[PDB]
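*Asks:* So you can see what is in the structure, the chains are spelled out below.
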Amino acid sequence: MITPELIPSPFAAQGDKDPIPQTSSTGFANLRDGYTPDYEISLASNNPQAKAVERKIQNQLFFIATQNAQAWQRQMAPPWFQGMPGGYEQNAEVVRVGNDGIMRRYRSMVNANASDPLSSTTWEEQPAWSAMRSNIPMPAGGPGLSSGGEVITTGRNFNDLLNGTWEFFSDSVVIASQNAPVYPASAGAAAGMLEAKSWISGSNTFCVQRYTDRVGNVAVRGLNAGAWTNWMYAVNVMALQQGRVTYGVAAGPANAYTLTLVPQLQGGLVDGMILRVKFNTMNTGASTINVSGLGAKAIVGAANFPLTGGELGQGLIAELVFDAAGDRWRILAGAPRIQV
Amino acid sequence: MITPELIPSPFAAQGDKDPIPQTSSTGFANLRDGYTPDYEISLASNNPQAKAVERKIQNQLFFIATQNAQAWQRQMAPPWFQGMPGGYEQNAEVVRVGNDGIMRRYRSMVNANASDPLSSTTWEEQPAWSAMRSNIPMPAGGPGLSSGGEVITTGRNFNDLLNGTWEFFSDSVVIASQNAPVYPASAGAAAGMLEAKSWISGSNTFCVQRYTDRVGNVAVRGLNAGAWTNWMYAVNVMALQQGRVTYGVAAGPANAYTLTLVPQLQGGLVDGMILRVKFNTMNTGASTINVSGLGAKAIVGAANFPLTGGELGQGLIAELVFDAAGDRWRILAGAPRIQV
Amino acid sequence: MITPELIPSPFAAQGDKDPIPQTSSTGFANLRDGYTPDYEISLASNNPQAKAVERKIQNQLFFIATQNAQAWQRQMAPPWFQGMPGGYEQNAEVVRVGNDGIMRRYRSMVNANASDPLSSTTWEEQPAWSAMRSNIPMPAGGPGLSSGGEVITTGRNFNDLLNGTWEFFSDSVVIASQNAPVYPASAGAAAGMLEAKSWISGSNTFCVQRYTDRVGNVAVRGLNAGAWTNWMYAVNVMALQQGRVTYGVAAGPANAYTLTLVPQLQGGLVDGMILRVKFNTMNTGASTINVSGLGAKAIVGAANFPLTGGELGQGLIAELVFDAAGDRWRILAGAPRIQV
Numbered sequence: 001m002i003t004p005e006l007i008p009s010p011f012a013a014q015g016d017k018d019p020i021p022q023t024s025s026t027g028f029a030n031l032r033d034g035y036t037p038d039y040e041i042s043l044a045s046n047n048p049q050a051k052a053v054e055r056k057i058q059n060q061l062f063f064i065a066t067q068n069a070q071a072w073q074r075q076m077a078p079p080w081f082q083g084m085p086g087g088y089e090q091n092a093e094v095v096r097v098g099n100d101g102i103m104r105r106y107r108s109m110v111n112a113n114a115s116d117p118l119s120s121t122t123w124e125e126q127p128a129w130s131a132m133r134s135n136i137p138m139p140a141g142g143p144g145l146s147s148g149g150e151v152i153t154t155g156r157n158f159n160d161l162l163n164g165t166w167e168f169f170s171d172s173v174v175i176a177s178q179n180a181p182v183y184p185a186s187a188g189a190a191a192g193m194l195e196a197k198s199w200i201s202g203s204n205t206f207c208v209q210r211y212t213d214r215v216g217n218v219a220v221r222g223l224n225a226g227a228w229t230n231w232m233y234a235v236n237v238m239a240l241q242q243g244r245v246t247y248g249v250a251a252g253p254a255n256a257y258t259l260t261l262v263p264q265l266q267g268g269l270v271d272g273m274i275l276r277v278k279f280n281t282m283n284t285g286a287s288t289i290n291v292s293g294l295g296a297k298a299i300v301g302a303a304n305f306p307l308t309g310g311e312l313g314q315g316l317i318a319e320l321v322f323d324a325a326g327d328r329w330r331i332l333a334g335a336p337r338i339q340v
Numbered sequence: 001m002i003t004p005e006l007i008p009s010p011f012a013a014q015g016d017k018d019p020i021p022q023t024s025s026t027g028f029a030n031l032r033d034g035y036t037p038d039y040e041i042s043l044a045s046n047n048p049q050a051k052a053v054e055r056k057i058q059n060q061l062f063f064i065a066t067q068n069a070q071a072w073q074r075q076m077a078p079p080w081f082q083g084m085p086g087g088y089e090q091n092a093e094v095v096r097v098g099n100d101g102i103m104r105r106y107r108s109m110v111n112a113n114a115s116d117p118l119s120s121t122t123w124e125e126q127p128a129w130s131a132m133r134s135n136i137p138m139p140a141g142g143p144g145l146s147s148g149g150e151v152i153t154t155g156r157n158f159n160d161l162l163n164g165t166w167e168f169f170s171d172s173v174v175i176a177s178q179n180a181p182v183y184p185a186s187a188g189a190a191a192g193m194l195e196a197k198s199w200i201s202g203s204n205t206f207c208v209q210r211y212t213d214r215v216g217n218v219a220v221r222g223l224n225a226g227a228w229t230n231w232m233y234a235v236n237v238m239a240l241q242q243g244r245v246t247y248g249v250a251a252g253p254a255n256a257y258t259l260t261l262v263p264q265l266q267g268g269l270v271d272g273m274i275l276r277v278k279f280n281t282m283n284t285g286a287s288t289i290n291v292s293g294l295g296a297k298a299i300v301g302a303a304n305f306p307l308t309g310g311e312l313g314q315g316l317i318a319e320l321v322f323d324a325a326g327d328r329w330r331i332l333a334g335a336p337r338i339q340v
Numbered sequence: 001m002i003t004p005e006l007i008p009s010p011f012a013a014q015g016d017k018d019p020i021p022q023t024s025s026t027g028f029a030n031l032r033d034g035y036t037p038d039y040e041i042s043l044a045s046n047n048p049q050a051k052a053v054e055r056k057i058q059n060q061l062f063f064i065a066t067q068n069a070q071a072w073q074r075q076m077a078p079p080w081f082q083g084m085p086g087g088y089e090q091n092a093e094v095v096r097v098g099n100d101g102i103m104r105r106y107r108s109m110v111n112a113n114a115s116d117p118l119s120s121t122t123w124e125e126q127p128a129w130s131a132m133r134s135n136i137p138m139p140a141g142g143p144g145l146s147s148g149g150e151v152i153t154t155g156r157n158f159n160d161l162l163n164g165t166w167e168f169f170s171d172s173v174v175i176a177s178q179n180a181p182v183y184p185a186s187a188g189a190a191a192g193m194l195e196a197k198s199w200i201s202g203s204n205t206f207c208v209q210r211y212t213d214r215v216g217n218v219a220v221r222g223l224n225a226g227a228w229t230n231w232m233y234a235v236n237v238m239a240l241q242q243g244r245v246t247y248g249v250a251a252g253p254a255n256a257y258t259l260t261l262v263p264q265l266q267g268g269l270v271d272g273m274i275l276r277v278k279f280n281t282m283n284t285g286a287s288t289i290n291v292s293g294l295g296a297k298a299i300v301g302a303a304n305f306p307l308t309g310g311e312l313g314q315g316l317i318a319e320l321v322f323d324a325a326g327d328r329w330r331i332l333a334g335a336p337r338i339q340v
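Order-wise, the sequence lines are chains 4, 2 and 3. Mapping the first sequence onto the authors' numbering, position 333 (from 1) lands on 333, and the numbers just tick up by one. Mapping the second sequence onto the authors' numbering, position 300 (from 1) lands on 300, and the numbers just tick up by one. Mapping the third sequence onto the authors' numbering, position 221 (from 1) lands on 221, and the numbers just tick up by one.
These are calculated hints, taken from the structure and not from any lab test. Heads up, the beta-carbon is just placed ideally off N, CA and C, and yes, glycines get one too. Please note that a few of the clues may not be correct.
As the list claims (entries may be wrong) - One side of the interface only, derived from the structure: several residues of chain 4 facing chain 3 at Cβ under 8 Å:
(1) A12
(2) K51
(3) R55
(4) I57
(5) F63
(6) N99
(7) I102
(8) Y247
(9) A251
(10) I317
(11) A333
Isolated chain 4, as found in the complex:
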């Protein structure tokens, strides 16, 4: 850390200057010999090549040194010079006037790189750090440029979660998060990341966010017309093996032997929902049971007879299904077609 002085203009910027050659003829300046020793010789002594210190050469030498320092201060990188002799070793970094005069860092991939970086595929153009933060499909910590915030101490609420790897740090604190992405019968989300991405179709915004919690359920929700739809939670093979969706314990006191459905039918009931209905006591008769708390259907027999006698009994599991036209509990197992 040493700070040079601001070079406003190189020395002898608008002064007479002469080009310093590489080869010598007489007691003249060079670039390999520089000031010649042999014809260094007494200038006021009538000697053949007797030379004097050259104002033009020394002024241009100072001009060159000051120009290099000035360009170093401003652009931090030598401009790539057209067909410079000697070539470029690979991984060399330069910046030079681009197509528009807009310039970016260029790094060469080949030795003896004689091609101009604007015309070279070997020279690769290197933009800034925002280009990395864009190249990641979702920036860590949301729009936040720094990685800090990618893991969140308090469960990041999903009322504004649209993008970014908002990793969730403490499961207990995420239990308090609203719009919790956990399958039903679970209170709140656990620790884990959210692959969340958002893309704008004009004024409207479409986005989706997926998230695997500690337990393992994969919850993915998408914004619909400016409002997030409730998460979809992956049906795990343990979930299917449990079969909690299609069965419950028997509930309801009279003319109803409903099952408290955990989980209940999301999005209502449409056609032929199958439930292995439990009856800890014998069915009363035409039972208008409120399965899932919203589907209220009256059970009638498959033989168009009431199920009061012998069809449904106590301590029973018997699968009952909807009717599309009837919206009634037709039997799939347990209540038979009685002989008479």
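Position chains 2 and 3 relative to chain 4; hints supplied.
*Replies:* Structure of chains 2 and 3 alone, referenced to chain 4:
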């Protein structure tokens, strides 16, 4: 821009240059004082301390500047130097050329560290933008340096995707794009992003295609040998409660009942597959039942009464499955049998 | 390779120096004109403009050159010169003194940016690849900084790898390696990508690891207390379509039946859980069935009492349910009824 035109070579770098000492007790051109006041005495004074201006020092002075300038021009970063006084400050970078010969830029991750950058963990190697863009395993828009192409412009085949995720700003683009899957409880994909990550094991481009919509319906597949495999869709909880895929309604020809299912039934004939069917009419004779038109086979139950009539009550589902090797439907659930 | 020897201290560091005048009316070593033509007349002629080369002017010139060169050699880059003529053009990464004490590189993005790097949004950092990659949840090579190591042809240990993406060049070498997922209706994991990442959680820092195989059937799992949870093989909608996962072909000897299927029914028999099991032969009386060794319970009919026989045909697939209080499995449908 200010263009410090490249000097072909340093000044006097084949001739003579006496090194510049740090201090000179004899009052010569040192570094602490530069040109000493002794270089100001008149030489005609007959003062011995009057030092005439030598050029070996002049040549070395000009050579230092010219060589530093050309190193800046031709190799960007300063070469690392053995034992820099004070080591190197934090975030200071140099280039320590390796045995390979390529320039190896190194950043100082440790304050005031003097460790040899070639064999230093502190002197971290500064990789190329290609290295960073390859170090991200899921790059948007393939391998491009730009992050553009997040949302696909039009309906285009997902075969172009190799490794990365792409958003979808148009609900038209998801359907119109080739290889658009048949979503659960939907015609096609909603406007949600899709990931296709295919490791290029030559012709065995092992791929994963994670497709997700607004509601959270999820789908996957993978490409191989010039063709993508089937689409695996993760089951829904909302779909799991209803069981719409397993549920079905019989249709088609009389007593040769087929089925139409949303989403379409796949997998063909597999050992012991559920055939749930609202029979469109009451059977009066030889009755055959199948789902998705897989195959019309006779139904045999526990009592083994033949195809006579009433075995398939109209609209009565029956969660029956066909014998794996018998090629005949075994009634499983909801068996309506009238006495004939 | 051009390595201009280390500059320990600039020329005329603590010596006398004359700040070069920017422009001089009477030609006096000004920057605009350099050494003006009046620095060439003989001093003996006594003409008024007989200037001589000033020691302090020469000292200041060489000081500027050596100071800039040494700053480049040590800190890689010029400092941020406040009061910069014309601000800083686009892509200008000045090294800036830290308020804390670390040197920090801020790049001006906008042409002629003129605000202080610390207190401006225009200046953006260009940090090292370490803190840079910290923004990637899933870095290539996992822990490895380089892109390599992500793909291992050999069946590397699944336990030791904790973060990053793992690709296996061979699909079956995943099964050869430990902790390979067993997808439904699939022997083992196919050739897919494993995304694994570990977050701090306080006492038990936790990681999520999911393998998405080539077909797409995903296995989400969670490293619990350093021990991974068994892979969660997401059942897909065509697994629901086939119904094979829930289907079972129970061993058919009379009065004793054994039930098992892969993927395993975790938890075995559950209160009010039903399974579709094929009994090949008849059963004379109260039979037996169990899953996973939780408990073997008797098999009966709709009367819930030991069966009489004739309630099942050759190869009858039956839905057997288990209730907590009854502790019995009964042929719910497809069963003739007899009262005990």
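*Asks:* Which of the numbered hints above does this structure break?
*Replies:* Hint check: 2, 4, 6 and 9 fail, others pass.
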